[PDB]
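One protein chain is absent from this view; the other protein chains keep their places.
So that you can tell them apart, the chains are marked A, B and C in the order they are listed, and the count of residues begins at 1 in each.
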Amino acid sequence: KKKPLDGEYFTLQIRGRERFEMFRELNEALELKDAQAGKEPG
Amino acid sequence: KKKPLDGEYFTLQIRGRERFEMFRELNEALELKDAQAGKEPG
Amino acid sequence: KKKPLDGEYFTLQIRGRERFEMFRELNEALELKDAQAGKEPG
Partner (left out) sequence: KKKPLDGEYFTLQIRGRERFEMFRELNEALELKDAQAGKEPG
């Protein structure tokens, strides 16, 4: 949990509530793979 | 240009710069179709 | 409508019906912008 200084952070306005939940999902999806991507080679 | 009170607006933090540009594109893409979607039936 | 030889075409299997409709939308969204992107400068 050290250094939240990973990639520069940004913000984006998303109109619509249903659309928001959709983007949030794809966002967490990529973040999920990125978590297993930094997984040292077994 | 009257009433910016369309769908409720929201905000989302997106880590990574390359990823940001990507999401912005899909966002403008949907907004683009939405613009021609509200096009009265010729 | 000449030369369908634009970018090489590909195919992707998408599990789930609700998910399919979602991807199709983003696909048409980009294709929509691409149509106005090749719009000569007024």
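Everything that follows uses one rule, which is that a residue touches a chain if its C-beta (ideal position, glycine included) is under 8 Å from a C-beta of that chain, and two chains touch if they have at least 3 such contacts.
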Touch list for the missing chain, restricted to displayed chains, reads A, C
Positions on chain A contacted by the hidden chain, ascending
25-26, 28-30, 32-33, 36
Tell me which stretches of chain C touch the chain missing from the display.
6-17, 19-20, 23-24, 26-27, 30-31
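Keep this in mind: only the chains that are shown with their structure count from here on.
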Rounded to the nearest Å, the gap separating the Cα centres of chain A and chain C is 25
Taking each chain's centre as the mean of its CA atoms, chain B sits from chain C at a distance in Å of 17
Could you grab the centroid distance between chain A and chain B? Build each centroid from C-alpha atoms only and quote it in angstrom.
19
Touching two or more other chains - residue numbers and ranges from chain A:
none
